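Take a look at this single chain, the form deposited without this ligand, given in structure tokens.
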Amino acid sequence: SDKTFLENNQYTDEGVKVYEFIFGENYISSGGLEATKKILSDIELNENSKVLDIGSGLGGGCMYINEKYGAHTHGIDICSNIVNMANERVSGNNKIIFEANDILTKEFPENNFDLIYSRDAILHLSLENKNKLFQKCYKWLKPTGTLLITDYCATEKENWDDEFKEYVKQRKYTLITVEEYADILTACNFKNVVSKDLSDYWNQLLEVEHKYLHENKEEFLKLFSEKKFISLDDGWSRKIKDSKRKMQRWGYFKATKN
């Protein structure tokens, strides 16, 4: 059911291409390549490392991790159409694998990965499933491994306004506070749990993206439609407003198995 909802609405082929337009080639989330460089700036891996990317999208993250470190990267994404697109973006590289599957039913061996990485994907999971997923991640990490996440978070639900309630409802997101998120990781026995509210940085990424959209409107209209432009424009406007006033937050989380 989840698969069909995502494939048929938010992540249709065209929806994915619209995201790629504003985020940059191979990315469909916040800050594209430049944010990825920053998020991985203190991460150490090498050609012998094994990495899992949960919700791998068009595969940009896997491509970058493999380029930077030479690591084995395995991306899982529930949307078959997105995985098909990702597979067209990489060739002749036996250390990048993209696989269409629900991360919640996927099986991996215990103590398997040096890094489990996820960028703006876990918002799609119910609270019960976030907990289940992080339990799986704990098992799947090597003793020496690291968990590294960015995800959409929010102020406490009691504070939400009508527009924000509707945004979350229509997308079927489950947005929790940065603090609740960190508490889940702690409950799952992760160590050295570091959470950062990166909402200010996120706001900066959004502003750069918004400016890019405006300055490249003519090309956007040629590729897509004015209707799609307006939707995207308004969507970024709201994210900028809501991040500034702390209604919507961008959470970063890093933790270790030991």
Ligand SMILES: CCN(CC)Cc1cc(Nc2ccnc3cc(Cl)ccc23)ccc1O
Contents of the next structure:
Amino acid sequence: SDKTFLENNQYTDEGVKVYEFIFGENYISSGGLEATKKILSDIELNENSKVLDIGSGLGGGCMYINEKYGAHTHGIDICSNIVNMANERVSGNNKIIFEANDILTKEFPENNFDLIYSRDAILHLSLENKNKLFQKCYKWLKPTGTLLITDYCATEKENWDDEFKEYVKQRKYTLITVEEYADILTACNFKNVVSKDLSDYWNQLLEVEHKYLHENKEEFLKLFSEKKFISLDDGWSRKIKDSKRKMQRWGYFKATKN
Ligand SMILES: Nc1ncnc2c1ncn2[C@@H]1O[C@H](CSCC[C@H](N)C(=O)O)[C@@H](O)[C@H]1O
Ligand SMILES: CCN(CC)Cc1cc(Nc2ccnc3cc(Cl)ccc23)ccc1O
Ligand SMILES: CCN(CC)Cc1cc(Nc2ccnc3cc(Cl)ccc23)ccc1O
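May I ask for the structure of the form deposited with this ligand bound now, the form deposited without this ligand having been displayed?
Expanding to the full complex; the earlier chain stays at the top.
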């Protein structure tokens, strides 16, 4: 599937390390540890709780959830190179496992998890694939369970410019509106569906990251190339510009089963 594509483009080892430089250790998405603390601030779990992280990446989210709650965390990520990196950071901790697998082919028992959690990963999935995932997610949640998601969203396609279309095409993203996304969750039988466009906050995160990149660019070049620097600088500039003009949006979704 998109495995070899992702492993050999956006999520190369070098690419992942660059992301870590800007998001912080163990994170490859928006706001790293700080945003994660915010996203989980109203979430209640204990040591016996069971957590699924969809697209767990370098594992920072699972580590934080286990650190904060003592919960059992199980991360699934389709990139084997990323999974291997994550595994090497949690070798001592038996309540944190990662597994290399497409979440779509992954099989789980019904009523399994207290929390199903995903941060900026579901944008990789086609529209059809987003639907079957959430139906599988519904099954997997215990009756007392919560689904918790951040994901890239967008304005309708008639408002995309050429550059945004090209970015979405070459990254093989499928981006829908916050409303279209919320619609899928209700269609997949979830209750208490809560949707928020967090683009103002996302823009603040991107700004901190962008400033941080420039402030620490000497340390950056010590580890990476000037080519990788320009590319990253350029990409953040565009995400900042596009969230400002409401073209690219950051969706937050929180839902239950009953
Ligand atoms: N079909 C799929 N199944 C499982 N993981 C997938 C997937 N499609 C994309 N991914 C993964 O989703 C991750 C998105 S990047 C963000 C990773 C992590 N949630 C964090 O915030 O740091 C990537 O590591 C990618 O490999
Ligand atoms: C290298 C690791 N760093 C980047 C500077 C992580 C990181 C921190 C931030 N800072 C912040 C995140 C969330 N809330 C914040 C609130 C305030 Cl008043 C200040 C900084 C915040 C933003 C993005 C980001 O990626
Ligand atoms: C000459 C100008 N061209 C180069 C071919 C610039 C150009 C950049 C892009 N890259 C991008 C456009 C919008 N958002 C982006 C976000 C990120 Cl994280 C990275 C690249 C982006 C796409 C098409 C395009 O034509």
